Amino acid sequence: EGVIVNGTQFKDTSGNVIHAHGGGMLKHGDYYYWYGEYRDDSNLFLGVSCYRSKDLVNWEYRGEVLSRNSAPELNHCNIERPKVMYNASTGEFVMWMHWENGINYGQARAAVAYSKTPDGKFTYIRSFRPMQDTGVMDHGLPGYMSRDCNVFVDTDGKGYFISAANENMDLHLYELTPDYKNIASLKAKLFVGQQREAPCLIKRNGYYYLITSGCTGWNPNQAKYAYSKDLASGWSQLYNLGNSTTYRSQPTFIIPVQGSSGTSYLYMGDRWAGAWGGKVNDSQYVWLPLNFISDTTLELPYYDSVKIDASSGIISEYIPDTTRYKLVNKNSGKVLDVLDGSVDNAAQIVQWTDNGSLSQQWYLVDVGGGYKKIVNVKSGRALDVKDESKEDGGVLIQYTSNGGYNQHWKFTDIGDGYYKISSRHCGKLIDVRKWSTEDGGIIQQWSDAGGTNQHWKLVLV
C-alpha cells in the first residue's frame, strides 16, 4: 500500500513524526535519501536529519548528518533548505544550504559540507556569500546575497548551485568546482526583478526546467515554472503552476523517479505552519506528481491521497473505489461525455448518445462530507466549473484536480436511480443547456429548477 496522505506530517518506521522540513532528496544506488532541517526551542538550527527508503513511503531515521555541534559556527545560527548532491569524480557527497547568524537576515550566505557516506555525518566547511573576492558588493556586504537555495547536477557531470540574490529580487546560477565544494563562477542571472523564491532546478529531454515560488513569507502563493534549452540563455516567460496557493505549500525540490515502466517526477513541498501561527517543527508536507503534458507544458495536480511505486516508476492519484460509472440524463437520455472524447485540459463537457466509449465513464472519489470528485476515466481530469463561476449558464469542463470546491459535487437522491448533482461552490447543479435533447448538448451549471434536464442516472459498467 504505497499511499501518501497529503496535508499531514508523515511518520518514520518508528512511529515518530518525520522532521525533514524544506529538504531535498537524493537517489544513490538502490536507496532514496531524504534530507531536511528542523528548529530547536529558540527557532534556530539544531540538526539536519536523514531518512532513507526504497519504496518512498516507509522512511528509516538515520540520525543527524549535520548538527549545531558539528562546528563552532553552527552552535547558534539559522540554516534552511539543505540540499545534497553526489559526485562521480570525487565519490563523495556535498551538502549545501542557506546560512544566517540567528539574530537577523543580513548575512545572506551559503554553506558547504561533505561526507564519504550519505547517512554518515557530514563535516562542515564554511559559510560565505558567492564570489566574495570578485570585489563585488551586494547591499553593504562583499559577495552576492544567498537566501533560498538548491542544487543541480547536469548530464556532463557539472555541478550547479542556484540561490536568491539582490535582496531576493534576482536569481543566480553558480557554476561549481569539479569537487562541488566551491563556487567556480556564475553561469547567468535569471529572472531579475521577478523576485522568485524557493527555486527548484531539474532537467528532462534536453530541456532545463525551473520551478519557483513567490516571495511572500509563510503565505502560500502562486508557483511558476519556465523552460530553456541552455542555462545561459533561451529562458521562457514564467508560466503558472498549480493554483493560487500551490495547494497550500511551497516548492522545495523535484526529483526524477526511475522505474521499470518509465520515469515520473516527484514534487516535494512544505506546508509551513507559520501560515497559522505555528512553530516550524509543526510544518507538514505536500507531495505531488509533476506531469509533463509536453516539452513546454507542465501540470501540478493535487490529490489528497497519492499512490506511488518506485520499482514501477509511476506516480498517480490513489482511488480506493475504481468502480466506473455512466451519468445518463433523464430528459435527453444522453450520457455525460467529453467533447470529441478529448483528453486535453479545459475540454468542454457535452452530452452524447451512449456509445460505450471511455470518455463516457467516470470515477467517484470521496473528498470528505457528502461531496465527491467526478473524475473522467479516459483522461484523469475531473469535472470542473470553468473559472469557479457562481452563476447560471456556467460552462462545465474537465480540469486538473486542484482541490477547488468548483470540483466537488454532492449527490442527492430524488427517487429511482436519478440524482441532483449540486456543486459545493454555490449549490447550483448540473444542467443541460436549454434542455437540449441532441448530441453535443452543452453541459452547464444552473439553479435547481426541478427540470428533468437536471436529473442524472448513475449506471455501473
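Positions refer to the first chain, counted from 1. In this text, rigid core is short for the largest set of C-alphas that superpose within 1.5 Å between two forms. First, how it differs from the form deposited in another entry.
- Only one candidate in 347, 314, 280, 125 has its Cα displaced by 2 Å or more between these two forms after core superposition: 347.
- Smaller rigid part rotated by 12 degrees relative to the larger one between these two forms (C-alpha superpositions, whole degrees).
What does the same protein look like in the form deposited in another entry, given that the last one was the form deposited in one PDB entry?
Partners and other molecules omitted; one chain follows.
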C-alpha cells in the first residue's frame, strides 16, 4: 500500500508527524534521504530534520543533521529551504540553505554545511552573501542577496547553487567549486525582473528545466517552468505549470525516481499553514508526478492520492475503485471513446463502436458532493470540458487532472440504467454532436434538451 495522501502531514514509522518543510531529497546508495527545516515556539530555526526510506512512503526518523546548537549564529536565526547534494570526488555530503537574522530579512545570505555521512551530524561552516569579496553591492550590503535557494548536480560532476537575488527580482545561478562548499563563479542571471521564487533545477535529456513559483508570501500562486540546452544561455520563456495555485502548494524540490521500469520525476511542495493563519510547523505536504509530454512540454497533474513504487520507478494516480466502465449512448448505441485511441493530452473525445478496447474503459473517482472524475484507462487523463467552456457545442477532451470543475461530473438517474451526466462548471450534459450515430461522433457539451443523444448507460466490464 505505497499510497500517499496529499494535503496532509505525512507520518513517520514512529507514528509522528514529519517536519521537513521547504526541504529536499537525495538518492544515495539504497536509500532516499528527505531533509527539511522546522521552527519552534518563537518561530525560529530549531533544527534540520532528516528522514530515510527505500519505498518513498514509509519514512524513518534519523534526527537533526543540523541544529540551532551546531553553531553560534544558528542559535537565533531563520533557516529555510535546506538542500543536500553529494560529491563523488570528496565523498562528503554538502548542504546549502537560506539564512536570516530572526529579527528581519536584511541579511539575505546563504549558509553551508557538510558531513561524511548522509544522516550524520553535519558541521556548520559559514553564512555569506555570494561574491562578497568582489566588492559588488546589492541593496545596501556587500554581496548578492540570497533568499529562496536550491542545489543541482550536473552530469559532468559540476555543482550548482541557485537563489533569488536583487530583492528576489532576479535569479542567480552560481557554479560551485569542485568541493561544492564554495562558489566558483556566477554562471548566469535567469529571468531578470520577473521575480521568480522557490526555484527547482533539474535535468532530463540534455535539457535543463527550471520550475519556479511566484512571490506572494504564504499565498499559493501560479507555478511556471522553462527549459534550455545550456545553463549559461538558451533559456526559454515561462510556461504555466499546474493550476492558478499550484494545487494549493509551493514547489520545493524535484528528484528523478529511477527504477526497473524507467524514471519518474517526483514533485515536492509545501502547503504552508500561513495561508490560513497557522504556524509553520502545521504545514502540510503535496507530492505529485512530473510528467514529460515532450522535451519542451511538461505536465503537473493533481491526484488527491498518489501511488508510488520506487523499485519499478513508477509514480501514478491511486484509484480507490478500480471498477472499469463503458458509457453507452442511448441513441447511437456507441460508447464513449478517445479519438484514434490516443493517449496524447487534450485528445478529442468521440463515440465509437463497442470493441472492448482500453480507450473505451473509464474509472470513476469520487471527488466530494455528488460529482465524480471520469478517468480513461489507457491514459490516466480525465474527461474534461475544453477551456472550461460554458457554451453549447463545447468540445469534450481528455486532459491532465487539475482539480478543475470542468472535470467533475454528476450522474443523474433517469431510469432503466441510463443517466444524465452534467458538468459541475455550468451543468450542461455530455452530448453526442448532431445526434450522430456513426463512428467518430464528436462528444461535446450541451444543455439538457431531453434528447436520447444525451442519455448514457453505465456498464461494468
